[PDB]
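First, one chain by itself: the form solved without adenosine monophosphate (AMP), in structure tokens.
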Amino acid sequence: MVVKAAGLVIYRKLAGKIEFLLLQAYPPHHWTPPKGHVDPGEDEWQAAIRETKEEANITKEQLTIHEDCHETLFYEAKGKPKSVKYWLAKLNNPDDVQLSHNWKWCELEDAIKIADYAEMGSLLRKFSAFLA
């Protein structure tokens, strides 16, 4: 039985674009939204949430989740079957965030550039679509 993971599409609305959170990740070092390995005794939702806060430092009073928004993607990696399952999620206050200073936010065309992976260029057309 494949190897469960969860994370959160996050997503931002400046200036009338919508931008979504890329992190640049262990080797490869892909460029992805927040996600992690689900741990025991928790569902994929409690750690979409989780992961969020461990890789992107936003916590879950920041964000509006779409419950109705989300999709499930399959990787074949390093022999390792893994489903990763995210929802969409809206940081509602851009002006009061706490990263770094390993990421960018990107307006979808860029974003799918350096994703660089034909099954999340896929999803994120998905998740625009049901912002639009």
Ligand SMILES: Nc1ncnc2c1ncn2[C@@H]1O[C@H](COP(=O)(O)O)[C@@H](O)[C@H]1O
Second form
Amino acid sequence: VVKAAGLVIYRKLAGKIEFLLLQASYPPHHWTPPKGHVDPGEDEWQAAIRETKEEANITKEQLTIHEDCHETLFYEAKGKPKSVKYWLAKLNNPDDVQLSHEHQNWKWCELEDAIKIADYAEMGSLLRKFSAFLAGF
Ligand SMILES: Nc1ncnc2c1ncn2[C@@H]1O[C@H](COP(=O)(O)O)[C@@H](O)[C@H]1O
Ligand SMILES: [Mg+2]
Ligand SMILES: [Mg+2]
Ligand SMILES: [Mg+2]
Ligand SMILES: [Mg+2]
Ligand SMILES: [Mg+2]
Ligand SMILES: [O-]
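Switching conditions: you have the form solved without adenosine monophosphate (AMP), so give me the form solved in complex with adenosine monophosphate (AMP).
Time for the whole complex; same chain goes first.
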């Protein structure tokens, strides 16, 4: 299995939870939170943080990462199984997202909209789980 990781970044805007999604610049132009392959020497944690910095220009210092809220998605990518481990992370301040060549747009999305845009059933279930976690947090 090809291993990847990322961070489900959220913010609270005027009391409302919103999740950050990024639109790939390459077809199928799907939307996911910042995430990427585990690179040599890294574990999932390191990869999730680095990919977040690379893809959205959000640093570890700008985030409160909830270590007790993580989930791993499994799906076929490039004819092979791929795992993507995500941790939930709060963007504390009104920092500005900036993209790299890997993405062409972004959106801050309320739960239902995020699920619709992310489109994949398993990602949807993950977002619901993470939303439920914040409700009890
Ligand atoms: N949660 C998912 N379930 C199934 N397929 C996905 C999921 N996320 C991304 N993909 C697809 O897998 C391929 C690799 O996407 P990615 O893992 O985002 O680089 C793309 O063609 C996506 O459409
Ligand atoms: Mg990468
Ligand atoms: Mg990526
Ligand atoms: Mg990347
Ligand atoms: Mg890359
Ligand atoms: Mg709103
Ligand atoms: O990447």
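Numbering follows the first chain given and starts at 1. We call the rigid core whatever largest set of C-alpha positions still superposes within 1.5 Å between the two forms.
With the rigid core aligned between these two forms, only one of 107, 54, 96, 43 has a CA shift of 2 Å or more: 96.
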